[PDB]
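One structure below.
Excerpt of the complex: some chains, original placement.
For reference, chains read A, B and C in written order, and residue numbers begin at 1 within each chain.
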Amino acid sequence: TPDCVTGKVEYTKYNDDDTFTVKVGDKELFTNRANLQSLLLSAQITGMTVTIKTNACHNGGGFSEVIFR
Amino acid sequence: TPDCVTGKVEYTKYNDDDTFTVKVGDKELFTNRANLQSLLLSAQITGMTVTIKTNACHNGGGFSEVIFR
Amino acid sequence: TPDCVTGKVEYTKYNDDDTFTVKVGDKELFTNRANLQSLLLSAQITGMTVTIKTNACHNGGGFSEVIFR
């Protein structure tokens, strides 16, 4: 799966349908994997660099692969 | 969903019916989404700014959308 | 539900029947709500003030309402 965006997490958002949105760089992407919620919030809290990999690389696109650095 | 309140978490409360109350600004709101409990406690512990979005924007109102900054 | 005790957590204890004991002030109380286990350990780790509300306000009393400050 191609890299879509790499950077620090600007904000995260818990959505009404229980998906989780993350803003990295200039993209706002969402995931429906519940396990990723606290992992992404910890990446945000500790200033990690995340690389989100997704084919839906556009605002509102979904993802399920993340590298935490 | 309209923004209801933005600020640092003043306190959180685990309720008898397993819902979770959060006080931000001047509003005391609650959520019944279990996944939000440790996310909101981490936001409190690390001094994050949260924006709670809800139509029930009054004390005792329920919510399910939160932005963590 | 009346306030029972307010203070910093002195210690927590995982019990054999999977309940969780917390000592605050001079009271040793327990809860059977699994969700409260890591929330109370985080309150302990970060020096939060907790207020336990319970009618069973005596050693060995059970509780399910907590304010984290």
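Annotations
As a convention for this text, a contact is a pair of C-beta atoms (placed from the backbone, for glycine too) under 8 Å apart; a residue touches a chain by one contact, two chains touch by 3 or more.
With respect to copy number, the whole complex recorded in this structure file holds 5 identical protein chains, 3 of which are shown.
We take it that only the chains that are shown with their structure count from here on.
Taking each chain's centre as the mean of its C-alpha atoms, subunit B lies 21 Å from subunit C.
Between the Cα centres of subunit A and subunit C there is a gap of 34 Å.
Not a single residue position of subunit C touches two or more of the other chains.
The touching residues of subunit B, counted against subunit A in their complex, run 1, 33, 35-36, 38-39, 42, 46, 48, 64-69. Only residues 10-16, 18, 34, 37-38, 41-42, 44-45 of subunit A touch subunit B when the two sit together in their complex.
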